[PDB]
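Participant: The residues making up each chain are set out below.
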Amino acid sequence: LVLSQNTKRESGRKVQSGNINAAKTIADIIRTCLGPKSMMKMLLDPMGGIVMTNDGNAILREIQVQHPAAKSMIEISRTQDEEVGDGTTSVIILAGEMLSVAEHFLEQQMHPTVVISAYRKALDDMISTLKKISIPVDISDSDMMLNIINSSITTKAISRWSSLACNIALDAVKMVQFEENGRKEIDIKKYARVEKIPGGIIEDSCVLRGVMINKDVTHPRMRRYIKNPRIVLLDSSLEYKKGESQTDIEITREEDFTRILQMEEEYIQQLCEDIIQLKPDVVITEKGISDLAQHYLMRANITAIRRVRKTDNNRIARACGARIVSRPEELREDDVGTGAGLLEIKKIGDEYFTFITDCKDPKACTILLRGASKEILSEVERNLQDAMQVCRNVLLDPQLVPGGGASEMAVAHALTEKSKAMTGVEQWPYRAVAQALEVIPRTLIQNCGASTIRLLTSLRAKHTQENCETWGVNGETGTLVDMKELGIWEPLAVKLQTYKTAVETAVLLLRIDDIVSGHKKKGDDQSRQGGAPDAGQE
Amino acid sequence: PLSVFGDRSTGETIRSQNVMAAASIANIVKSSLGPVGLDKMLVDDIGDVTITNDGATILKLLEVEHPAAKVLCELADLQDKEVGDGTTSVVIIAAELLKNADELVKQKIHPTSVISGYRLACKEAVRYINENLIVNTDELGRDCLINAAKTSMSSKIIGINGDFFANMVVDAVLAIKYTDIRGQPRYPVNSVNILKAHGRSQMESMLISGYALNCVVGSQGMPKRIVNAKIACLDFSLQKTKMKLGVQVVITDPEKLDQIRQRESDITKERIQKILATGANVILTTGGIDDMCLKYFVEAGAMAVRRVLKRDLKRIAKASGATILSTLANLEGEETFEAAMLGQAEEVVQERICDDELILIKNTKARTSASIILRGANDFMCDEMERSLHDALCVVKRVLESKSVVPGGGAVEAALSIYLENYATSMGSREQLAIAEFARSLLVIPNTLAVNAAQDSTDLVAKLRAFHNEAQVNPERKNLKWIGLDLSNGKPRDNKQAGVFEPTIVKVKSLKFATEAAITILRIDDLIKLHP
Amino acid sequence: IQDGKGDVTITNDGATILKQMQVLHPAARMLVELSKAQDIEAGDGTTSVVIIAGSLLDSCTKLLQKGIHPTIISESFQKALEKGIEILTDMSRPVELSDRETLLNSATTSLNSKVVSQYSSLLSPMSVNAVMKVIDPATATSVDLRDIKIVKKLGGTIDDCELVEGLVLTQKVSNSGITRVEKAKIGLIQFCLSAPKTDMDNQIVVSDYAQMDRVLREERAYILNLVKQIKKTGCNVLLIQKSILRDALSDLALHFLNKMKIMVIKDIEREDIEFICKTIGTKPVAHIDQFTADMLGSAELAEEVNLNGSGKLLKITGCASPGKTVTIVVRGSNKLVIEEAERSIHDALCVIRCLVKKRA
Amino acid sequence: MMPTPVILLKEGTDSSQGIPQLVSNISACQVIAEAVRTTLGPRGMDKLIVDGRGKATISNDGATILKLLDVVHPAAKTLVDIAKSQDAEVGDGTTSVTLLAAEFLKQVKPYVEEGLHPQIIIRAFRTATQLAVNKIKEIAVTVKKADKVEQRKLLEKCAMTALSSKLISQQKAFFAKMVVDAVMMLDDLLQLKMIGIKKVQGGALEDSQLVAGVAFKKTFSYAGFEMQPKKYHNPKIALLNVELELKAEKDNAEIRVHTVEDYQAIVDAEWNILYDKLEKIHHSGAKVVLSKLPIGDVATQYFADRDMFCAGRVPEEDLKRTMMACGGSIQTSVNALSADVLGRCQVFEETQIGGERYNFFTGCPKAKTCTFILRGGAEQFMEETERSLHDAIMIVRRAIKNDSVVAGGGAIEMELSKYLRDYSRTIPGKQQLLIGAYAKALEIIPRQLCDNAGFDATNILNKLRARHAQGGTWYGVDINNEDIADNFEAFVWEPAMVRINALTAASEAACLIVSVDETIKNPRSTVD
Ligand SMILES: Nc1ncnc2c1ncn2[C@@H]1O[C@H](COP(=O)(O)OP(=O)(O)O)[C@@H](O)[C@H]1O
Ligand SMILES: Nc1ncnc2c1ncn2[C@@H]1O[C@H](COP(=O)(O)OP(=O)(O)O)[C@@H](O)[C@H]1O
Ligand SMILES: Nc1ncnc2c1ncn2[C@@H]1O[C@H](COP(=O)(O)OP(=O)(O)O)[C@@H](O)[C@H]1O
Ligand SMILES: [Mg+2]
Ligand SMILES: [Mg+2]
Ligand SMILES: [Mg+2]
Ligand SMILES: [Mg+2]
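Residue numbers (PDB author numbering), protein chains in the order written: chain g, 8 to 545; chain a, 4 to 535; chain d, 61 to 420; chain H, 1 to 528.
Any given hint could turn out to be false.
[What the hints assert, rightly or not] Keeping only pairs whose Cα atoms sit at most 16 Å apart, straight-line, the calculated EDC-like set for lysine to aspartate or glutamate is:
#1 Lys317/g x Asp80/a
#2 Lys515/a x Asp220/d
#3 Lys213/d x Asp80/a
#4 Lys294/g x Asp293/a
#5 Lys181/g x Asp145/g
#6 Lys191/g x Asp80/a
#7 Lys249/g x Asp223/g
For the record, the hints were derived by calculation from the structure and aren't laboratory data.
Only chain g is shown next, with the shape it has when bound in the complex:
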């Protein structure tokens, strides 16, 4: 033999049509989850869990596949979710439609490189047209931002509580806005934590002007309510621990054992005195706190909380305005945290929860979700992530674009109008990619239960007039509306990233004609990554 027995190889039009069909299948999985009249899916995790959602990335993330084209489409969805946090279904559907209209041209004797060149031209012109039809927005208009966020949650299950979710996302993003040293930043991932306590009602869910953790006092004599707490944060354990070196002691004298144990107690006393010098009301540790340390802090009338997560401690720092310390001897008032307006420790259900929830200028927040069950709150958290990511995309690039498929139709028309001057052989793929953008309105109309043919015809005709770039579909009535009358406005960043991802993946899958499968990894030595020398580099 030459190649391994497990090595299979396919090649040619078979591979191309197979990849395109796998992509089309991935698109058909989530085609119905698009728009304001989408339906939920109850997926079953291999951990016995359940995921009820209409989020494209959630669905494609809980599915596993073996065809590499389907893998590529799931990676599309992941990329879109990580970059913009919305469009995870639109991107998949657009990539599927482009690969379909490319299957049309590959059935004929056109080479995939020709289709790819046409796709790249069409992408350039899509980008130009989107930037041309877009509008700007004054990010200081809270009503405008709330409508922008509504246009992003109207499609999700939390659409019932829309004012609430919109205000939550807007407040959270506006607070987590942070500039330091000339570098603007949002970082919704590390701050603006979402904590969901099942039970209660969703209408009482709120974003706190502070943070919340699932911790109680270390000693029941501590205060659970403080109205102007000075807070100190620590990375170090307030216990007496061993040293780094081999510090074995040798005892011969009778007083040495007792003196050593008293030395431990005095070390703890000295730490707690370094702390009390700053006169805090609360002390929060990532590591433990010894019971003697609790005694000394309590004598000082200090409430202490231990074994807090490093991320939670960083959020508390951002919220109350403190600096985490690792050596109490190096503690300063500049490190002490003032800004918090209330520390409370209250029993939610049967669990003690620590709130720091009257902060002034908190650069971090906790969105406290309350609801029917863990699954429902997980869906609410995903929807809120969508909303906040959209709000962030807006605050970064405040250009706005019409939805309801209006943008897709406007761009399709612009590309069809530019294609006339081509007169080459790439005009057919170009005009196919232009007419492939209409799968967004089409899909929308389908999810309404209306007549795709008639409505899409009327819409394609409307978009041939001069001032009609804003006309699209109403996904709850199955009709045509002006987007400036309906209110569905997407962020330009979202649409740009969507179109780019779709076109680039079409390109990626058209360049493939051959599949070699079954070969082994050839890598076992602790997963070799990069370690090697090079040619000088001096």
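Given the structure of chain g, go ahead and fit chains a, d and H with the ligands onto it with the hints provided.
Facilitator: Coordinates of chains a, d and H with the ligands only, in the frame set by chain g:
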């Protein structure tokens, strides 16, 4: 009779097998040659997917058992190591040389004579290229570099965007330029950093004048932007001091224990203070940094980064003017840190890139450096972009080191086919056939290009040979040498004026390596495969 | 030959073919030993000896059938052997090693049989220069090819082989940034540049923070005194023997050597020590007290040359008091042509050796 | 590709499509050719194949070799088919046909690999085949004298050529005379069933013989056969389809008697029926009796007492040959045994031939039949001798019907290669390459001759190309001199139809194999 514990192939059997193996390996990659070549998926028996056009990459991922096929795989690897481009053409040419040479050996031409003829034809093809088919990049300027980069990038997933990617590639090679002893300019690629980040389209890929680190600050309380960056590159860790193996702490007076524990940390504190005393706003270390130390950096307003890679550190040091210190120790038996050991940079930032942050060191003095952030639709595309861009960087490096280029599109192979089929008539009678067969084999490159373009390979290569014969028999028409294939129209074309350039070293090394591989495989007339 | 493992061997050497293919028959194994003996005594002719043995036995077949006792056959073969020795010595002609053309032709014939027959114009003169450097043509009665180090490096072609007159070392340089030392004084040390350590079980017992700091201070002072005693002799290249017991080069020692601008190459193997010293004229230093200038080797250059993205070589070019030692760097495009290039060059060297003794 | 919940074809359908499939077809054909290459020419070797039953077959005949190989490749079956077709229509050239077809495929393999449309290749093959066939018919030597001595010389030389590849070449002149003597006796249809070939193990090839008459092996004699005489000097011969023994008068016959006198009458009636048949056979004057049906012990002893010869269970073919040789008719009834239906020969004998007993009817001057009796040291020795003689006999028949001869040793192949090279240099340039490839392919016959002989085929083909371009049409390989020679003067003669049919069949096989672009194997049903 032998009683060897194994199988034995001998004669035409094993020669045919070797040729079959080489042909198999070459047919794997033939479909990935030229602007009309296409990529391949590779699935690793676990769902791990790899898309690629790089012949060396494909043959590395394959699981080959035959030795005559391992030889060609290693050939592609060697071409990738020594040149960086030609990894597919070299394999195709080696396999075709094997095919034609085995055809001759079947006709009972001795393999030694075939080998002599192949060696002669390689020598004379190298000479003919070096004397007649080279173009000096000095005559062409900078657009020659852009055209060579675009030629290498054609057939990759950054092909049509070459119009722009080549600029980046060229800039990067010019940025990492450094002059050595003998005043020879050296372009040590692999010092351009290439990071991958799915997200924005390829057109949004970024060239950073400076350096990019796949790292982040060590503590969230540290700043994430610094303007007048004073950079300290350290090759040691900033942690609680631990006594070494041959040192033990043995207390016999409890009153000393506290002080000993305190030094275990105070020692490290002192080191950090020395660093911060010089003005260092950015501290990169190959080792770790405990939280205790991160707090010192936080309070100083400095940026510390831990577990940095040694090579990234060396590059930041060379580019910014810093000195990598394995120890804070001088020739006076003390421990200090001088401000002269610092490097400088006009900015250091922690930049957000698709829910993943990295560090950017921008506008370093004492040298210019270069990083490239590739931005695509998913990790597969980004990996293929990295490989394609490495090929382009290697190509530009070769163009700048040796200032000679040759035309592409099978021009060189067509000209060599003509010249060698005319030259064989003078060299012996059987070596003559071997040289003619070498010539004919060289045509497999334009043949493959045309086949992949889905066009009349026969007609196109016949026209090519006609043009080149007219060029070599009519001294007024030597300008036809620059004619090769136009695969977007299926028509010969002046490739020197079209901008299809390849570094001479590519074709020369391809020929030399292919000939040596073919000779090695063509010398085997027996095979003993022992039972494991 | 693909052995029990995935190890492949393309070969024209009879000894190699026979010892690589397990034969599993007592007579065949004896023929393997015969080819081994020819490789030892002569170095080329290992196929001819096996063919002669097989032919003599195939001849004994018909004699045995004729009814001759296989003791008459043996003695009669001894007879024919002495007469054949006589005949071959009679048809031989003496040669003087000063005759460079006879040597070149001998080497060229030894290589014609092999894969590197094409690169004979390059490998034959190098194979004659190698044996001519490592001996004294007058008064020499044999050759030790262990004085001729072959260094195989994957990359380039067989046309890139070289006859480096100094020595080459695959051990890389630890001093990052300092390469290509000119007017090099080289010192080979067999002691370790690291914290002190007695031959006994030693410990440093700390009972006061003062001792804790003093420990690191005195360690630095020890290492610095070492690197100073090295630098003061004018040494700028430092080869360090391999030490598996304790660290032969601490990072502090490396830092100090770098600041002193001394190229340092560690992990030198204890078997290359006699070779390195015979090449450069260095003398191995096992105690810092005897590391004097008179124990160094003066070379005209010591560089770390890159092999076009196929590794790196530490090549010392030029050497005062040059030794009866030479190194051949063997390039190639695959490990199989490289391995057969090495074997072919060894055949040529053994031919020239067969010529230094029994000059006929 | 994708699973597709319900699949179009049955699970297990193997579809090979495209240029790889075509190149694999060509490679399989190359394998089939290699399997017979070394049998070509005077220096050709025999092949030993072994069946599942363990019976070995040793042959130089390409058709036989390929029939025995259990070839299953759909494209490589075509070479087996064209070798069968050659053995059918001509009887020689079976190895040459396979070599030529495979070489056409090999020569066009490069163009196929680079995407040349197969229709172009088949058009070129058809054109070059028509051209070469017309050229063979044009330069074939046909002596227009109808002289009998020259017409026997021609057949003898064609047979010697057809036999100069077998294990009987060292007696091929011997055998050639016999082959001609054999076919010059057949009347006008040249039926092969009219030439008998007996194989008597034991003896040397020169001990083999031809009997201008008939001969067949002794057939299960009963008691009294040794009492019969075994030589007759002018016998009349009764050839019958008659069972001569006491038997049930009919199988559906039932006797019913109620009297012991009737019982005895019935016994005597059976005996009188038999004795009446025998008495009619005796009074016809026949001294020799042959029956396609058994002759019982009673009839055996009857004829022994009348001093006649009887043989029963004679095979039908041997009886028909006895008829065509002695000159009688086969009789199912003994009621009209006239001299008109009796046969006659000058000598009848029963002799020992190598452990077997054989009856010889010799001396028939009016004989339209002959019987070969082949001796040898092995069953397969004699079987391959018979196959060689079958080649020679078929050759001689075809030559008799059309004495139009060309020369061998590759002379005709080189001439056609020259003619087609010349023709190809006068056409546009696409078909030029393919017809030049046809020409280069035709050179496989002299090349393979030189290979199997142990020469330098390259130098010899250079000599031949030069000598055929200098003027000269019958120059080919001279094997004993390792050189070239005018093979038409050396008498290496070959009926033109041999090479005509070889080219036709090889070109058809190549065109077929090259027209297939897809192979679809359905999964085996009744798996077992
Ligand atoms: N009420 C509506 N009527 C019509 N179209 C809408 C409406 N709300 C949203 N859309 C559009 O329909 C699509 C719905 O997106 P969605 O289903 O959330 O998936 P994703 O936003 O992840 O692609 C978007 O293009 C949006 O612009
Ligand atoms: N734009 C182009 N036009 C014509 N020929 C090209 C072009 N780009 C590359 N080629 C030819 O294709 C051959 C192979 O290119 P490619 O497959 O990209 O590199 P490799 O052979 O190293 O994989 C080269 O020899 C070159 O002559
Ligand atoms: N004495 C001879 N000298 C040279 N060539 C010969 C001689 N006899 C036969 N040949 C050639 O050998 C070939 C016969 O092939 P062979 O295998 O013998 O039978 P087939 O006709 O079945 O191939 C013909 O080309 C014939 O011309
Ligand atoms: Mg949305
Ligand atoms: Mg390339
Ligand atoms: Mg030798
Ligand atoms: Mg014949």
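Participant: Each hint should be assessed against the structure and marked as holding or not.
Facilitator: Hint-by-hint comparison with the structure:
Note on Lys317/g and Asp80/a: the hinted pairing is violated, with a Cα-Cα distance of about 46 Å set against a maximum of 16 Å. For the suggested pair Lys515/a and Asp220/d, the alpha carbons sit about 12 Å apart, so the restraint of at most 16 Å is met. Proximity of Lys213/d to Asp80/a is assessed by CA-CA distance (about 15 Å); at most 16 Å being required, the pair is judged to hold. Distance restraint check for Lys294/g and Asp293/a: the Cα-Cα separation of roughly 14 Å lies within the 16 Å cut-off, and the hinted pair is therefore satisfied.
Taken as a hint, the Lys181/g and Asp145/g pair is honoured in the structure, with Cα atoms around 14 Å apart against an allowance of 16 Å. Distance hint between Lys191/g and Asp80/a is unfulfilled; the C-alpha atoms sit about 46 Å from each other, more than 16 Å. A hinted pair counts as satisfied when its Cα atoms are at most 16 Å apart, and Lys249/g with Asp223/g does not qualify at roughly 27 Å.
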